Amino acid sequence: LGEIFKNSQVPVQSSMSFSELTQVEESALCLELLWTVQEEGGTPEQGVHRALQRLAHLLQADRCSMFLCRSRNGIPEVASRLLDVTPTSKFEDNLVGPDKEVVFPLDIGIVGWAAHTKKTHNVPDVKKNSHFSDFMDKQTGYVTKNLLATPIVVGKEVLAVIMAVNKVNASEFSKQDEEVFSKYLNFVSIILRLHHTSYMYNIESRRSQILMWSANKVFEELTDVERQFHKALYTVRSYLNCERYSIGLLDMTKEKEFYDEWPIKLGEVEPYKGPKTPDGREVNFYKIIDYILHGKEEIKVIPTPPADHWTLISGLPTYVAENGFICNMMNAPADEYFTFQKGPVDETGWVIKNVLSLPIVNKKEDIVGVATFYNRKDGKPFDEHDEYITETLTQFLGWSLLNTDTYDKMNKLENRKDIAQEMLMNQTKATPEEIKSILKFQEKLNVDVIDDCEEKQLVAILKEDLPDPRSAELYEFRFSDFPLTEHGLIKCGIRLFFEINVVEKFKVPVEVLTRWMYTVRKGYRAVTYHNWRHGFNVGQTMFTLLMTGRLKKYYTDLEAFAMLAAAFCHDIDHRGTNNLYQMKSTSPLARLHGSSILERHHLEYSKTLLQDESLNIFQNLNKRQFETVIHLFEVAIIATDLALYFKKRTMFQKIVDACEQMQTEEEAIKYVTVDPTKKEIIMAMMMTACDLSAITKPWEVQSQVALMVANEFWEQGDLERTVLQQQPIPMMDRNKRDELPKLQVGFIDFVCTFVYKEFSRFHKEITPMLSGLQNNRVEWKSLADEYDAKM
């Protein structure tokens, strides 16, 4: 006993010294314990088991144990992982499966107090501590009279609590035992830190993959809530890692129709009583999407599910819809409140073990759906990490609800635009009475309202009811529309279309042509100057240029057809305000079209008119010819913008100079025709000349037209002053009315003179136009100088 004093005896055999051998064997065993973690394919539980066996051997204790720490619903708890670990014990028998664990909340149990305090706790007598619990002792029939537990804390977080119980050869765990425990559990802490870091990396990788795939599927196509949610969930199937999960979508109709409210207010039907979302809507799951992953990988959709549906049999989805909480539940059927299915859920042997239900939340914090995730692939209950992943997924879906709403708004806007355009086309299109007012088939052919007459007969009868082209000076630059009514202008326009020999050549219908002419007239508004009279004047000027000006030799019949049509439709639906007011007033036209707002609007409207089969004047020509006509139409209408003409003046001048040096007309025709760009430039200049042709009219017509233009510009300036609070330019200012002559002189010297000078140089037959302009300028000078005399 105590007779011989303590000494570090040298064994000579099998050992140099007791302490030296102890240190050597301890170092070797610790090295092997560290190498355990490097053995890929194993688990940290095996290393912890080896460490606990060594600790039990060294401390002369019994039944070493480990309790892992979880966090559910925001509260921590512990669960036994390794129990009754003793020296020379099998790992498989010692490990506790997820279905046999005992869960302790932090507030009960010595394990709970150790985890909460994050410090070593050594209790010599369990009966003297209020934190001791008898749950495990009564469950397993084991008596404990000594405890020593230190938590495994890394990163200010507890992973496990490891204890030793009932020292066999003593009644107390001394301080040295506590120190040895602390160091060995530091090594176990290294192992558990490695494991926890790997688990964190896997969790974050799963979360990032979920976000990638949800973003890829959401931005793939703009669809509704159901299809988008189905795509996202079906894609992130693998990364959820759940045996089975579902999503239920609630109805979003926050208000009832007035005819469904009468029985409620009259008392015929009792008021609704039952679950309600925080917004106040009745909890009505209108669709359930079930994803089956345990076997056969089934996916099913239940529209208007019954209350007998296995997802809704328990009250958890309805509870989530009512409250909006995140519900984490372990051993759900054992719970009394929610009444889960204790037995098999369906015909196959599947039972509900753990449930995780989260709500999908709109921008307005409304509840759009409830996503319920059932038992995990492994037997372990849902941790805080699974809650993190599923919460991120549900937040992403609630955000993509914006894309769903935008798709719905897209559909509504498209439908409203289609309805408005159709109604506008119905209003604008010429009525059959208006067509009959021109194509008098009833009073001349003796036929019923229904048209079954031959096209040639229609051409022949219409050609006898149109104004004579030689009379009314339709071929002359002096043509004045003042003595003609608008119906006469329509008739003259149809006659102009007939005179170039394109109705018979391209087999355009007579009724279609008349309807198109009348619709084009009705498209022009009732503004002072940019009305149907201006459109017909431009069309007649283009016809004069093509026929009298001998420019038709540069263009084919189809091209001339396009020129006449675009000249007639060059100013369609003009509101009376130029591009500057469109930009300054932030009109929808300016927001839709960037450059040449009015020209692009006219082109779009005229192409819309040509799209309809009842107005398509180019109905019977080839596809390539139609594409050519559309391109010609675009060029002609866009060229009417005077900025483009100002930019291309020099190009046209170069073309004219090149053509002037040739002594043979055939050579000039060959030079122009072979290059489509030259034809397009000449066409743009022709359109500009047609638009400005009002200047070249005789003096009375020019004076009246200039007065009309001035009256339109003054109205625009007054409206700009009223609604834009800006001072108009002197040209558009009404108070500068007496300044009208001088300005016009400038307009002749700045814009119009170049076009007609270059056209007179290019073609001598267009000489009168320029001449007329000069005469008009002289007259305006006589009005400007008088103003200087009036001053």
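Positions refer to the first chain, counted from 1. C-alpha atoms forming the largest set that superposes within 1.5 Å between two forms make up the rigid core. Only residues modelled in both forms are compared. What changes on going to the form deposited in another entry:
Core-superposed comparison between the two forms: the Cα of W35 travels 2 Å or more. After superposing on the rigid core, the one stretch of 3 or more consecutive residues whose C-alphas move by 2 Å or more between the two forms is 23-41.
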The other form holds:
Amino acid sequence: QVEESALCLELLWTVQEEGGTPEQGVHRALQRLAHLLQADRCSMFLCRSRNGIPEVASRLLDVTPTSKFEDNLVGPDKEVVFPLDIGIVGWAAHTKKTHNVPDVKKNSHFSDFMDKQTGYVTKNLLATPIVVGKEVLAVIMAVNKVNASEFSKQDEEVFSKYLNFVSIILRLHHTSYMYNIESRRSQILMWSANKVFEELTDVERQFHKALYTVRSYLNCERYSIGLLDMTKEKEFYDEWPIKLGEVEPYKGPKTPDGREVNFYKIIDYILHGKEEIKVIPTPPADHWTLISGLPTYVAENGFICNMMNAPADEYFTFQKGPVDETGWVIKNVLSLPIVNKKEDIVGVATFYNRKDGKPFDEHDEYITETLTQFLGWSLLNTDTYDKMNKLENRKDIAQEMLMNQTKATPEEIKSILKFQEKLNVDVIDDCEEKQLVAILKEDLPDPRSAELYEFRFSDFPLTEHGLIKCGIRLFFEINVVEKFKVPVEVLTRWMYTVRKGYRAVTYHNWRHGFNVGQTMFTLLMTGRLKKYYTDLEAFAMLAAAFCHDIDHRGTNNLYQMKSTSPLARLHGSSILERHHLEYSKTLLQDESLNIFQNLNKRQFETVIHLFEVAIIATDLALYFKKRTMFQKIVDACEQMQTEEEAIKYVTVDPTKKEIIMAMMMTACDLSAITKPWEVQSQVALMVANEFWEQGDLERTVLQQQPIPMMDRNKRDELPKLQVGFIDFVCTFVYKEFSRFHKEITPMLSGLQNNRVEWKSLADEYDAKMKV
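Mind pulling up the form deposited in another entry next to the form deposited in one PDB entry we just looked at?
Shown below: the chain alone.
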């Protein structure tokens, strides 16, 4: 027992490897049990699994007491591989049971292939697979008991007691290796995800990033990826020779979706010597990856193929010698297909010889399949990148063609800027800006005869081309062209393009935009509110007033939300006001149309902010929210004893000026109520028609009951609702402005007269329904 205890303590100490290789401790235990059993040539068969087929491979051979470990160790270059259906070690690995077979030549499972290879005669052998967690790690072999036959049951008992130590060592190594492979998998996934989410890219760049980043965690000496042509159908003119039969139809390798197997690009990652990347566009069939049929075989079939000793196979013509003259030979190959969401093979990844030189087992199959699966999932980013580029290009084309169509032709300019009829040039606008100013200033109607400064001015006698002329006259009267250097041709063009950008709708046509711009002019000049605003700010407000309803479709923000319009999904709030702002800025983007080109960068930044505040301030919900703040501003400005004190109080604070500008733009929008009864009655008819056709759209397309304002059935209720619009929204804007400056007093007077008429018709309706 004393020497048995000493041998047990020696086994306990050699179990404490403290580093090194467990094969050494197992070899020391095997030579121990060899000298104990009166048997020689003990052996270990490691279990591998390739393609899901289990095999056994001899790892230590010719174990002898007092023999050197280096001679007992057989490397994978000389290992003998047996499938589980060959040899009693295969049957043992299948059954996971202890077998003791004497006279093996009588056993139906004994294989003499090893006996023929080695020339050694075996007669009686003991087999017991090492099994842990139902998994079989090694088959241990005791053979040719000397001086005795049949072994013994006590030999099996001591055999089991030492195979407990063997199982300890093998389980420790198995847990270490499974930790290693699972850490490699997790790091591969983390790095591939980091590189995929870095940006949007086409397939080639994204796969190259991912594979190059993960190159260190795949223990392959080299590997490559081949990308197949993704085109599925041909152009009709390239089918024409095929359909005429002038060219024989292509025959050869085809993917399962039926595309031709054309590797349009190969990426080689060489890691054996110098780490080098090769990108081969349109590689020839003589490429060292493609010269063996295996990548093409994966492209036709799509199996994951682990093939050990690949030049010993007969099907695949693997190169038996160096391929880059560098002395690297193919030994083991693992190829996998990358697939689309639709199972379509985009590429084939082929991983060559493992750095350890061992044949690929199910662990490296698992690693490479998870990498390939992640790559096949990553194609969503490529498909999205292509759809981004197509949507961007289509948008830019549609916007350019729109802007070209809407822009005023040179005839439309020459219709107003009659330079040809007065300077006799007719070919080039070589004339100086002073000449264009001088020739144009005759052609505009004088602002006094047109009454353009007056609050009463009615646009019915004027034509729309006369409205354009009057608009350029209004810009001239503010004296903007000389100060900000706004060219006269681009001024006239911009006015005409703004007109044409107003649709032919019943009320939101160019006449409404012109009357709002004229109200902005007359409030600035005759209402004397320009005392708070710089001429730059006056120029920006007048341009915004002319564009405050540009390309108004003829519908309300409620309609856009209810109709789920692209405008409503693009602009979350103030849908049409943000559309008008975006389109006015789009008109100002063209150099041809930029009446603000001759500004400083900070002045445009100012003009753009005034455009934004003014057009979004044409939203009446914003008006209603900010009424109370404007009222507080007016109340604080009323107690000021000096006019110049009031001017100081407003001018020092940008936010008060912005609120007053918003209130001015709302006085301008609803100005028609202040116009004489004739004009008010016509304009109220126009808005009533616009609201009726909105309600017909709501009832017909959206299939909903319209509000009584939108309903044609309440037509005769129009004047009473008009009265309701006169008190809730316009009196305040106009009473507070009359308090702010008495010069806007008559606009409230106009409202007051118009309200009486609107009350009269309601009393006429009171007469009608009561009888």
